[PDB]
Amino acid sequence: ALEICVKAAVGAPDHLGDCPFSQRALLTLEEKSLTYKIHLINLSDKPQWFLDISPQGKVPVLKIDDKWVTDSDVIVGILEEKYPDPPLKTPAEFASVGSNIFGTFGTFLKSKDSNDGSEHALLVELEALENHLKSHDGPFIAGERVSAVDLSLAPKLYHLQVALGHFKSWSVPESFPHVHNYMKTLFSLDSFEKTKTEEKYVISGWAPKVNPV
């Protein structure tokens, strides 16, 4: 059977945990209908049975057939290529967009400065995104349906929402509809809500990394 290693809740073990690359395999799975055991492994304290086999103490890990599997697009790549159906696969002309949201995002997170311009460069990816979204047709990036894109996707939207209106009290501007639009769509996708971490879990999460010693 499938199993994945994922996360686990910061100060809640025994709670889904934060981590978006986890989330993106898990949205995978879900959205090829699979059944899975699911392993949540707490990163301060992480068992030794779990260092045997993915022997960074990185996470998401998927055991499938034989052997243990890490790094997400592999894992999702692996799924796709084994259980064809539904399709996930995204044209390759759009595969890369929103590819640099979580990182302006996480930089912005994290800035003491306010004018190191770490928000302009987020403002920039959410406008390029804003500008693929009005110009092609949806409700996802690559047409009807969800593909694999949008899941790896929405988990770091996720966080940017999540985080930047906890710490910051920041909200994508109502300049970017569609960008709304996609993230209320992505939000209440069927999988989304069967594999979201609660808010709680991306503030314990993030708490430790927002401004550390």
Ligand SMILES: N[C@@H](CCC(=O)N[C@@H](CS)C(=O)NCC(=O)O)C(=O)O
Contents of the next structure:
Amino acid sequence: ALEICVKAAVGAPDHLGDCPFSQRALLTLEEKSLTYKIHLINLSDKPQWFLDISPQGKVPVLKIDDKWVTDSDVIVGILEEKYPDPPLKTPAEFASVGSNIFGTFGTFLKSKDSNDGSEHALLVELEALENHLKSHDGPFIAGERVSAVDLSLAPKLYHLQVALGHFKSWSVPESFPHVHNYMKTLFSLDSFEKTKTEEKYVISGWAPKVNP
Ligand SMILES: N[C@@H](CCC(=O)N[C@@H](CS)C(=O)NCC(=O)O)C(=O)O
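Could you present the same protein in the form deposited with the ligand bound, rather than the form solved without the ligand shown above?
Time for the whole complex; same chain goes first.
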């Protein structure tokens, strides 16, 4: 009986919160059509039973074969092994595409100094993604079907869109049309729609972190 601990929404602990690592795991569970129970963990008031099975107090955590396993990388790899069909393996050459976007996004979101180069560093990572997407068959990073890299990136690109839009009135430039198309593709996946955090909870999640 699979169970997953994920972040509860800031300000509404009975709703799904905004952890993109948790969403990567939920996406994988859904793309594998698996049944599972969700535990919403209020990270500002962690329950004791959760601390007892997540030694670092982090989410996500998956209960499988009666062991609780941390780290969304490990969780999605174990699911891929245990439930091989349909396959989500991304060819190795593409498995790190987009991998620096989320970090550059967070640095730009938190920047107070518009000459510190943070916008440019994000635009460089977006350009790398545009360059991959315009030169390889789509609609996903590895072609016709969604795979692990897309499931890792989708929640992160959603944060980028919602948070930079709301906090900075900033959106991915229209000069990256492939990135725009790719985001639309990911956000309209049935699995994405089912597992997504409401925008207002991406906002509440980030608000206390933007400018500590
Ligand atoms: N690398 C871990 C990252 C997990 C992580 O950073 N989770 C955050 C929520 S997004 C967390 O549990 N933070 C603990 C806290 O804020 O108290 C993974 O991929 O699972």
